[PDB]
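Just the one chain here, the form solved without the named molecule, laid out as C-alpha cells.
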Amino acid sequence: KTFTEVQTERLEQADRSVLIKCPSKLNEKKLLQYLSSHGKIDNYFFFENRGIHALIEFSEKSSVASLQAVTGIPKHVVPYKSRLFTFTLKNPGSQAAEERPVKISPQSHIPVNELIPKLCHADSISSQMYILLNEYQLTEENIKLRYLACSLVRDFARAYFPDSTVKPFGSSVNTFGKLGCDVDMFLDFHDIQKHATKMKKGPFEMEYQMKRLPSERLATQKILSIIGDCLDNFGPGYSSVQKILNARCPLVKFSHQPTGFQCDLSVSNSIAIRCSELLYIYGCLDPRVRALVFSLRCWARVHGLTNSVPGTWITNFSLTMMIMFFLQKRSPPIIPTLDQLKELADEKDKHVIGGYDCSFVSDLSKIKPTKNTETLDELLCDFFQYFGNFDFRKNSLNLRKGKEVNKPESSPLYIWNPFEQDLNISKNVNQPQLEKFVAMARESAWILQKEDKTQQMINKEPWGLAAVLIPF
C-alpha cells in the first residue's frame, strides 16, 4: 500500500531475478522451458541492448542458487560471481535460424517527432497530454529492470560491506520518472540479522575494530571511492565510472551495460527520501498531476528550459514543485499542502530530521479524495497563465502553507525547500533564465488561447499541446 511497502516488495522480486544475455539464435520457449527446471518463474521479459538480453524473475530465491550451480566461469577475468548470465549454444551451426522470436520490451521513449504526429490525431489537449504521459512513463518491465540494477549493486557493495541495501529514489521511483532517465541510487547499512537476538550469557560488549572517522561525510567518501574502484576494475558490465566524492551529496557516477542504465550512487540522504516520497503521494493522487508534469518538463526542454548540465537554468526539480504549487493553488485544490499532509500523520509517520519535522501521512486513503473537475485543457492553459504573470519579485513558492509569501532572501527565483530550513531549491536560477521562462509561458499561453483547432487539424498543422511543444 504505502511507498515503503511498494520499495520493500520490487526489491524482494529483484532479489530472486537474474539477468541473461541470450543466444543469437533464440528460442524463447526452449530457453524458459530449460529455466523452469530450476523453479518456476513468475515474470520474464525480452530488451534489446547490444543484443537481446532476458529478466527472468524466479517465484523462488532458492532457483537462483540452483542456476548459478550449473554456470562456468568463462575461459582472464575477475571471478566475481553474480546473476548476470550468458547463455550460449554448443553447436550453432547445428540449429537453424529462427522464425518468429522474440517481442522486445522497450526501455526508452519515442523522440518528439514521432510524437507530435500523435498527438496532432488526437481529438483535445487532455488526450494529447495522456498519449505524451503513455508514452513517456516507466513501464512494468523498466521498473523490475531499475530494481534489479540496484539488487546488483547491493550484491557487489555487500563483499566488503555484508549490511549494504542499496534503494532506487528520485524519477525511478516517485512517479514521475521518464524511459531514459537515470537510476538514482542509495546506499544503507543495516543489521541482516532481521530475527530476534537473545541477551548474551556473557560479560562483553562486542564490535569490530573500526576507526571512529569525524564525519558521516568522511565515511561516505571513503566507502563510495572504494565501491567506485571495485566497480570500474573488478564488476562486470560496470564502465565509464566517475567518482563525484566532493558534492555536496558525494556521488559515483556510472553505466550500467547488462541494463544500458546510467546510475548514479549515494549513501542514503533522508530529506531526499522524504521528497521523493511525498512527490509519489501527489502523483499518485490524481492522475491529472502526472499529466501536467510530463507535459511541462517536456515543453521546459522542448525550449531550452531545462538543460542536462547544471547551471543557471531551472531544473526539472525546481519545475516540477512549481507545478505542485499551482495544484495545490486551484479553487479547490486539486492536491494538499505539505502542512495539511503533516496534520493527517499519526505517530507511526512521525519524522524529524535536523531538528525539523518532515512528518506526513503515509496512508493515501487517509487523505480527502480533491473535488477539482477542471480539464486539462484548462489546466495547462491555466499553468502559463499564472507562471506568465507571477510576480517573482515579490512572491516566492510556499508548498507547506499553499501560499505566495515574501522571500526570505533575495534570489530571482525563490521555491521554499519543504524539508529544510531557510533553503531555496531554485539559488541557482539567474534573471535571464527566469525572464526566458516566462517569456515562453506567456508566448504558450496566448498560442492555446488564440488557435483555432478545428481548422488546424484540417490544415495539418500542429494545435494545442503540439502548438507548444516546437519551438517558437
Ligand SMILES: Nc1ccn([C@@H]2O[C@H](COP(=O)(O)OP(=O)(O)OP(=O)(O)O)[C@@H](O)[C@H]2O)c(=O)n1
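Residue numbers count along the first chain shown, from 1. Just so we're on the same page, rigid core means the largest C-alpha set that superposes within 1.5 Å between forms. Compared with the form deposited with the named molecule bound:
- If you fit the rigid core between these two forms, you'll see the Cα of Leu213 move by 2 angstroms or more.
- Relative to the superposed core, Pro310 undergoes a C-alpha shift smaller than 2 Å between these two forms.
- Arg100 is among the residues whose C-alpha shifts by 2 Å or more between these two forms once the rigid core is aligned.
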Contents of the next structure:
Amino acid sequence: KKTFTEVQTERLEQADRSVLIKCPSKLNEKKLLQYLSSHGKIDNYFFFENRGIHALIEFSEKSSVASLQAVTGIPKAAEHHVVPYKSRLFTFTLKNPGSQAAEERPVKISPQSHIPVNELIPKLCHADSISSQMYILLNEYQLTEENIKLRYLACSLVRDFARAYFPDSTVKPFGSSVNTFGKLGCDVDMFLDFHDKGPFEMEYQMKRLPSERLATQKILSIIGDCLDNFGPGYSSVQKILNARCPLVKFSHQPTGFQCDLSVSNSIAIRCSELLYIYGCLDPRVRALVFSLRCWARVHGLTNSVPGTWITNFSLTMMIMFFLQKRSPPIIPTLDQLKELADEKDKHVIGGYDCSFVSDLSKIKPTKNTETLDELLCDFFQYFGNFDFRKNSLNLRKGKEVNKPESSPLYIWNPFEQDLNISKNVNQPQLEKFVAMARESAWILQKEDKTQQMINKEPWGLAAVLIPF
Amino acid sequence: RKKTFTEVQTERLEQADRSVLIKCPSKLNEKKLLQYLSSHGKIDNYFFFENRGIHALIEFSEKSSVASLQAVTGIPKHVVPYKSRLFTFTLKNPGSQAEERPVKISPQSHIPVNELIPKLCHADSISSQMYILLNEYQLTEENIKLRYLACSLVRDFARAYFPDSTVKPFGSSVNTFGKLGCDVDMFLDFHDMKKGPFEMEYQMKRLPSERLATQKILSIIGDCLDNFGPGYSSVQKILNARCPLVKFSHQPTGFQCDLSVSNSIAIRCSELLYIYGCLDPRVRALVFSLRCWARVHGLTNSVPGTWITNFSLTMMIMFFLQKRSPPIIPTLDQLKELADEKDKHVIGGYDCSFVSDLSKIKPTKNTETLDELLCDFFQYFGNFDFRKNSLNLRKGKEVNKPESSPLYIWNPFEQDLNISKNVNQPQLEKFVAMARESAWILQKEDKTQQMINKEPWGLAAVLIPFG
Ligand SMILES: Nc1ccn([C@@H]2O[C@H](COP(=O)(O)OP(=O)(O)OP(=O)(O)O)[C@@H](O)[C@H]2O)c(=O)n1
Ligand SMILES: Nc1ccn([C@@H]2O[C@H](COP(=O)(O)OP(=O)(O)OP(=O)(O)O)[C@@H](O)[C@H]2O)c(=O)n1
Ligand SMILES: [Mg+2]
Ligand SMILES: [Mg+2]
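Target state, the form deposited with the named molecule bound; input state, the form solved without the named molecule:
Shown next: the complete complex, the earlier chain at its head.
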C-alpha cells in the first residue's frame, strides 16, 4: 500500500545517500566495490556510459558519503585554477597504473535512452497482436529503475546548493519523471520547496524576504548562478525568471538529463499524484498513453518547444478522460476519488479542494475488459468525431460539458476553478489532430492485418506510427 | 617574550570562534542577562556597545556553549532561516518590570580631531601629545574582538558552500596601526592513512586562471550576503580591480568590510608591519600622528586617486625610521637574514622570507625622542630629492628609480612594483610643501609662550589647517 508520497520520500532518502563515480579506463568492478564497501554497506549500484564509464553508488548510510569525502582530495594537478566546491561527484583513477593484478572482465551498462522510432517499427511488426505491440513500446520506452535513481540524484544534487541558506529546502521531481508516464530521455522537472524558558525571549537574527514571486526570482537566480559557476557539469544554464512561473533550465552532464527548476507549485504536484494513481490502477492506462504520445510526436501534433501545439500533458488528460468514459469506466472520476478520501488525505490549496485518495486498495478494481486493440482505435474514433466547438472535457465529473470560455480545445483543469489547460491550442492545430485521428482510425478499421504481415509491410500500431 | 603574528591571529580567531552577539532589551539588566547566559556555559569575556541600540559581545570559554544557546533559540515567528550567532533578546513581560541600572559602553569610535586638539594643548611635551593621540585612536581590546568576530561570521556564512573556508583579517585591523573606525579587510582562504588502490578526487571545473574563479566565488558570496545574510547591506561587487573585492556594511558590528580572496603578498606586509609596530612604541606613535596630519591637510583621501595612501605614507615612515643613526627598525633584508627554514616563504617567484620571533632581533640602541623624530620626518622628506631617488625598504637606502614616476616606493615583496605609482606631481609637491611648512612651524615656534597665550603648539600646531 505504497502511496505516491511514500514512494517519493524513500526515493529521495536513497538518492540522499548516493554518489557518482567516473571510473578508470580499465575498470575492475569487484575491486572498486570491495574498496568502496570499506566506507559503508552498499544497497545498490550500477554503471552507465556517458563520455566514459560512470557508476551510481547507493550507500545504506548517509555517513558513508562523509566517510568517502573525507579521503577525497582536490585535484592538486589543477590546484588554484578550480572552484573548490565539493559535492558527490568523484573521479577515480589507479594510484599505480602498472599494478593491474586480476582478469579484466566487462561491466554491465544500464541504458539511459530508448531505441529510436525507426528501430522500434520492425520489432512491432514481428509482434502477434496490437496489445503486444503497445506493451513492447511501453517496455522499450518506460523509465528503468536505474534511470529513476539517477533522476532523483540529480534533484538531490541541486538541493545541496539550496540548503546552504535554506537548510530545510527540498528539490523534488514532478511530472513525467514521477507520474508513471515518463519515457527515457525526458526532462527532469524539479520543484524547489524552501520554507516548509528563561526570563528572555531569545530569537535568531535573520534577513527578511520580499513578496513570494520576487523572492522566488532571487533564490532561483542565485542557485542558477551556482550551478553554472560552482558546478560541476551544469551547462546551458538559462535563467527564465520572468515567465508566469519563474524557471531555470539547465543541462546536467554527469546524469545526461536536461532539467527545469521552478519553485513549488502544489497544484502541479497533485496532478502528478493523480496521474500516478491512474497509471498504477491498470497497465492499459500506461500502455495507451505511451503509444498515443509516440503517435502524436510522429505526426508532429506535439513539439518539444511550447506553442499552438497540444502538450503531452493535455494529450494525457484527454486520454484519461477517454478512459473515464468507458462502459464500464477503466478509471474513476476525480470526484469518485475525492469521495473515498479520509481526513488524512484532505488537501485544500488556493481556495479549491484538491483532495483525493492516496491508498490504491480503497478503489474498486475496474470490471472493464476491453483490449487495447479496441481502446486504441476507439480513442481515435472517439475524438475523431468529438464536438470540440460545443463540448469541453471535465475529468472531475467524467462528462462532456459546456465551455466556460470560447477556446477551441477546452480541458477543465481539475484543481482550479476556471482554467483551460489547452488554452494555448488554436484551431489550425486542433483540426490537424482530428484529421490525423480520423485517418489513424480509418487505417486501423479497414486494414488487412494478416496480409500486411505476409507482405512484410507495417500494421496495427506500426501503421499509425509511420507518417502519412 | 612576545608572540608571533601567526600565533596571535590563531588565538584571536579561536576566541571569536566561541563568541556571539546579543541585541539587548531597552530596559537591560546586566546581571540577570549574564546570570542567565552563564547557565549555557562559563564566560571568559564580555562587553556592551552602542549601535542603533545596545548590543553585547559574549565570549564563552567553550564552543559547546554556542550550540547550547542556539538549542534554546527560536526562529522569529517571511525570513531567510540561516542560523548564526546573532541573537535578539527581549523580555517576556515588558511592563511588569521596573531593573535598568546603566551599563558601561565600550566606545567603538575615536573622538573627532576638534575634540582632540584641546587635550593635546594641555599636555606637557610633544612625546605626550603623540602618545595621547595614539591612545585616543588605537584599537581597543573590545574593538578587536569585534573585528575578529565579524570575520568569524563571514567564515560560517562562506562555509555554507565551502565547508573548508577560513576568513582572516589583514591590514590595519591586525598590523598594530589600526585606528578606530577603520575597515575590516578580510581574506577568504581555502585549506583542508590512505587505504585503497585508488587515487580518489573531486570533479571540479578547470578555469583558465585563479583570478577568474576568485571573481565567481566572490560574486556569488556577495549576492548571498545581500539576499540571505543577516545585517549585511551596501554590498558592492568590485570584482575587476587588481585584487577582486566585495565591500559591504555589517550592521551588527558597525564595521564596513572588504572581502577578497587570500593574497599571501598582502599578508606578509601585514606581518612585516606588525613586527615594526611591535618593535617600538615610537614607531606606532609616529605613524598615527603623521597619518592624522595627512588627513587634516587633505594629503590623503578616503577615495582612491592621485593622493598618497596611508599605506604608502606608512611605508615612507618605516623608511624614515630605517635611516636613523642608529636605525630604529632593521631593514627587510636584515630580517630575511635572521629567518630560519621555519620562516621560509616564497611566493610568485619572489622570496618573501623574514623572521617571526621578535627576540631574535637586537633591540634598537636609538634613543631619539618623538619631539625630534616628528620634526626630522618633515625636514627629511621636505628636502628629499624625489626626482632622483626612490625608497627601498629591503636595503634601507635611497636608490635609482626603475621607472619615471614622481614618488617611487619599492614594493618589498615584488619585482619592479611602485606602490605609489598612482601619485602624481601636483599632489607630491603639496606633500613636500605641507611638510616644509610643518617643519618650519615646529622649528621656529615659541612653545612656552603659545601655552600662555592658550593657542596651539607642537603636534597641535601641525594638526590644524594652514588657512
Ligand atoms: N497547463 C499545465 C501544464 C503543466 N502542468 C503541470 O506541470 C507539469 C510539467 O509539465 P510537463 O513537463 O509538460 O508534464 P510532463 O507530463 O512531464 O510532460 P512530458 O512527458 O512532455 O515531460 C505537468 O506534469 C503538470 O503536473 C499544469 O498543472 N498545467
Ligand atoms: N599598492 C598597494 C596597496 C595595498 N597593498 C596591500 O593591501 C593591504 C590592505 O590594503 P589597505 O586596507 O588599503 O591597507 P590598510 O593599512 O588597512 O589601510 P587603512 O589604514 O586605510 O585601513 C595592505 O596590507 C597591503 O599589503 C599593497 O600590497 N600594495
Ligand atoms: Mg517535462
Ligand atoms: Mg582597511
